[PDB]
Every structure is written in C-alpha cells, then in structure tokens.
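Shown here is one chain on its own, the form deposited in one PDB entry, set out as structure tokens.
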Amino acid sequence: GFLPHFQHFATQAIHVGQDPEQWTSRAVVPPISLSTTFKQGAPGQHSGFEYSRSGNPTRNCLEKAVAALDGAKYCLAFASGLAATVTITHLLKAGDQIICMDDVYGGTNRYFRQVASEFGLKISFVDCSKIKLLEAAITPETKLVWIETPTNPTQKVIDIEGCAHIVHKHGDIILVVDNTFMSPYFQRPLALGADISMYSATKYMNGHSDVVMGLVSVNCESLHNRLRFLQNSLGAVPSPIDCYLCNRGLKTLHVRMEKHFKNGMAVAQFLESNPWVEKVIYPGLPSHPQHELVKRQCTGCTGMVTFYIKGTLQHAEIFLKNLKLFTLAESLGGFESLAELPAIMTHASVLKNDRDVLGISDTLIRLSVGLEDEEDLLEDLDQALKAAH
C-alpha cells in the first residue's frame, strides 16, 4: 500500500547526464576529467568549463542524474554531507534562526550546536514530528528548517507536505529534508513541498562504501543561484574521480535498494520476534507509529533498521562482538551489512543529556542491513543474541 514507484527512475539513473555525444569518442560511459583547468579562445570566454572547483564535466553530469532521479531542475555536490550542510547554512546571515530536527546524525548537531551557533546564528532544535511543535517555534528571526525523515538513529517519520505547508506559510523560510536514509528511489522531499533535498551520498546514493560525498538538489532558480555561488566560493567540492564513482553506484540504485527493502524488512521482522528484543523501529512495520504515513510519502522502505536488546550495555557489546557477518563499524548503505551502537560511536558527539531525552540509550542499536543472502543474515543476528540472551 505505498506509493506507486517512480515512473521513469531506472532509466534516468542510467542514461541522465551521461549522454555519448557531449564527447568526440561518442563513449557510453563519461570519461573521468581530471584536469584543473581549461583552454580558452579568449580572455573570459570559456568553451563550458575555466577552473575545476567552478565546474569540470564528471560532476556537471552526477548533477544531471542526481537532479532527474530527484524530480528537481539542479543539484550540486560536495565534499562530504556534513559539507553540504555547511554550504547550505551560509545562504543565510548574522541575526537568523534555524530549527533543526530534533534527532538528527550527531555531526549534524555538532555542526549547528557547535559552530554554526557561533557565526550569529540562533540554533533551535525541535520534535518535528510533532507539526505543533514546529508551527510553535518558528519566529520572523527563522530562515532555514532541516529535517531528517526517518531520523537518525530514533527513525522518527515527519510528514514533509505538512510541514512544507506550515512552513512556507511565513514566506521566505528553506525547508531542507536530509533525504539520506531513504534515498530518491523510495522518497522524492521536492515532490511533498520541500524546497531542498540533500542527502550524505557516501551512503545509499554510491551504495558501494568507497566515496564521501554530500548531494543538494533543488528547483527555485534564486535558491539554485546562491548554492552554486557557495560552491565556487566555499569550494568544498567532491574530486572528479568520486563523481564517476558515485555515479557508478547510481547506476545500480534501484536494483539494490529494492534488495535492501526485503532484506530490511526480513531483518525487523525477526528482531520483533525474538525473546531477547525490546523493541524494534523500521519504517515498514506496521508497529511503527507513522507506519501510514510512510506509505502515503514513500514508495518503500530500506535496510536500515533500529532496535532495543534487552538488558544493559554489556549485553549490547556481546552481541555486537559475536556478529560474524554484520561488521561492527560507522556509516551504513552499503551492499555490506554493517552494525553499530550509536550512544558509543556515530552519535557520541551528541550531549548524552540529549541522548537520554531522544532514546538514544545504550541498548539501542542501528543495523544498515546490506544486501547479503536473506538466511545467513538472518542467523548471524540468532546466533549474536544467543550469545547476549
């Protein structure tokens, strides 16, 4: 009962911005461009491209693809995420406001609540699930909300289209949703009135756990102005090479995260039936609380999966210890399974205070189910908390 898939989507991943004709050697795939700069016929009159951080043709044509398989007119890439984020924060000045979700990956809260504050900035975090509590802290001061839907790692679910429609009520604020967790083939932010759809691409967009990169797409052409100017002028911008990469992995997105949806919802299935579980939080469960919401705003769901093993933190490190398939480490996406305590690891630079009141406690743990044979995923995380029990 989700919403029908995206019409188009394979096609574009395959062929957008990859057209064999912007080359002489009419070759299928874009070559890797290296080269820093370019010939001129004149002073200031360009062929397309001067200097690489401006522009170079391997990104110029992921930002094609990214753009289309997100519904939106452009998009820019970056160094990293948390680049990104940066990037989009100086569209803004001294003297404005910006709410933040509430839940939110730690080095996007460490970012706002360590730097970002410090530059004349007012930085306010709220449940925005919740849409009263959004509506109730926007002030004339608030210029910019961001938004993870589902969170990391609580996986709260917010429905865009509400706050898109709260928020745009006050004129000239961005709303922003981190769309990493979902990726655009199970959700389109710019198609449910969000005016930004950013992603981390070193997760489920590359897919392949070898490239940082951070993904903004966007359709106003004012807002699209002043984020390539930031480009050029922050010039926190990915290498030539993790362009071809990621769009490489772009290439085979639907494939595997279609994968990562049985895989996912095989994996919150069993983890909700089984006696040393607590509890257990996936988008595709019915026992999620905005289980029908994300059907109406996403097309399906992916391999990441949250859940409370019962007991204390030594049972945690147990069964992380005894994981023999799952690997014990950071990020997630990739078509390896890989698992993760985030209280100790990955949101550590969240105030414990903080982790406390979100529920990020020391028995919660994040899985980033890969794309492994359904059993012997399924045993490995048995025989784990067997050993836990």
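Residue numbers count along the first chain shown, from 1. Basically, rigid core = biggest C-alpha set you can superpose within 1.5 Å across the two forms. What changes on going to the form deposited in another entry:
- Checking 244, 146, 186, 105 for C-alpha shifts of 2 Å or more between the two forms, after the rigid core is superposed, gives a single hit: 105.
- Remark: with the core as the superposition reference, the CA shift of residue 162 between the two forms stays below 2 Å.
- The Cα shift for residue 125 between the two forms, taken after rigid core superposition, is smaller than 2 angstroms.
- Positional change of residue 78 between the two forms stays under 2 Å at the C-alpha, relative to the superposed core.
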Given for the second form:
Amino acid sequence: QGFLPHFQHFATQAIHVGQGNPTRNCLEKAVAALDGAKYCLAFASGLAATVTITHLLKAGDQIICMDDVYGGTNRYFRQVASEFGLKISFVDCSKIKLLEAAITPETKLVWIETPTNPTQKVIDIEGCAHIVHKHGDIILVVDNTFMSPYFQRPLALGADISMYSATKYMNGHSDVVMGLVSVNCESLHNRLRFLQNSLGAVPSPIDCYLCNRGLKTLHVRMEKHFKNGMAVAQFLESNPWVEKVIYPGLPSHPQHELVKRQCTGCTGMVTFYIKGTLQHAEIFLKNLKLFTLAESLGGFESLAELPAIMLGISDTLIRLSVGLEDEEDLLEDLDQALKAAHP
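Would you mind giving the form deposited in another entry, to go alongside the form deposited in one PDB entry above?
If you are looking for partners or other molecules, they are not here, because only the chain is given.
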C-alpha cells in the first residue's frame, strides 16, 4: 500500500556494484549507488564521519542541529563545536517554521536525524531542504542511520549529504563500524575526499570488506524487520494494556502521511507506552522471554528497553528493536509479558 515505491535496482546494485584502495573504493562505489548518490566517502565511524563533515566549516560558522532531547547525542556536536571553534544551535526541526527562524547569517550547516530516538518524530526533509536552500550557501545533512538507504534516500529529497553510520550491530552482531558519507555535489566530494585522506579517520580493508559483504542482504533483512515491526506495532496498539504506540508504519502516527511520501517503509523500531506505572513497565520487561533487554538496536534479535532507567522520558515508555524472529513468537512473547504485568 501507501509508501514511496522502493528505490529501483537497490538489491541489484548492492550485490553487483563493485564486485583506501580497492576494498574501500568498491565499498564506496556501491554505497554511492544505494544512496542514489554520485559519490561516497567511508570513515572509521559515523562520529568520525560527522566530525569530518563539520571540518568543512570555518571558525565562526554556525551549525544548527535537530534537537535530540531524550536521545543521547547533542553532547557530541557541542564538544565538536567547542573545539574547532564553531557556534552550535540546537533547534527542534519537527516544526519547519522553527528552522526558518533559527537560520542565522552564520548558519552554514543544518544537521537532521529522522526519525528521532526514541520518540520517533519524523522531520520533513524536503521541507527543511527548501527552507535551507532558499537563502545563501548552506549545507543540509541528514543522518539516515535510523532508516538506512533502503527505506530513505535523503539526497533525493533535497539533502546535500546523506550520512549512514553503521555500528557493530546489524549484519548480525557483526563488529563492523563504519561512517558512510554520500553526496552528488562536485566540490563537496572533493573537499571531503581531501579531508578523508588528510586526517586518516579511515576504515581498514577488513571493515570495508565486511561492510560491503553485509550490504548484499540489506534489502531482505530490512524487509523482515519491517514486516515484524508492523505486526508488533499493530498487536500492541490493539492491546488493552498499551496506552499508546508510536510507529511510523501505522496510520495512527502523527506523521504517517509525511512518512508515506518520504520513506519506502519502516525499521523494526517500535515504541509504545504500557498502561500503568513504572512498576508495570518493570513487570513487563522482566517477563519477556524471547525479547532481549538491551540498550542497543539492530541485531537479528528482538530487543527491549525502558529508556527511563536505561523532566525525563515518561517512565512508562518502551522502545523495541524488532529483529528477524518468527512474527508469531514475537507477539506471543509480548502478549505473555503484558498479561503478567497486569494479573
């Protein structure tokens, strides 16, 4: 039904394209294609990618970041801004109007992450692109990490840089770290390349090989994360013991319509509020038998978490990371622990 039609040739390119030196170039060639980008640059980590992006700016320039309220980031950026001598301004871009405002004559970069973690507020990338590009020379960067190039393609939505940061967690707990920066601009790529080779925040031939190896199945893995995610999200929202569910894949989401015109699907990241108190989120989490209590997100295994203990996030909110297990089993495990949290 509804989402942007999946990007053509993704799977074909992910498998055939290209099949630092050789290893890195091939990885980049292939990632460039999946991002619909003309160019790509690989870094040791998503963070190193981020730093390098900012090295693009000169002392004094202002950088406006999406405000990661409950999430972790923000301390970073702020530290990268401090050193290097830059001005950082965090603005909730959930409201396009707010971004229009914050734009200062010094603003040379706008960094956005969508969905957000763990509330999952979808930012209108296209909206921000037009607002940002409207005046002066400024860069729009989208951190596609939470969606992956398979479900979201920033560059196509007006972004100037689509950054993909993969941790030691997705292709199985495959300990491959990587910072992928894609772009179409000519100079942007040139400047970024120089930095890449000048500073050395680069990946090893092994990482590149492993990373590339894992991409081949990104499409089949992500589709299942989505089928399982959707299923879990529905079951929950229809469960008597769940106050609310937040999953970009459901129509109940406050941005479901923005989601269908920007993504081709959703991750296995499902958030939901459990009816009751922090004492109930407790019973629940402790009763899960198939889901695993972990603070990370991405494996083949379904993970659960209570951010409140892992004005603060409602201690009744739970973020799930639906993996590749059997949909039936996942639901039964959720059902069983919900019934336990309410005798």
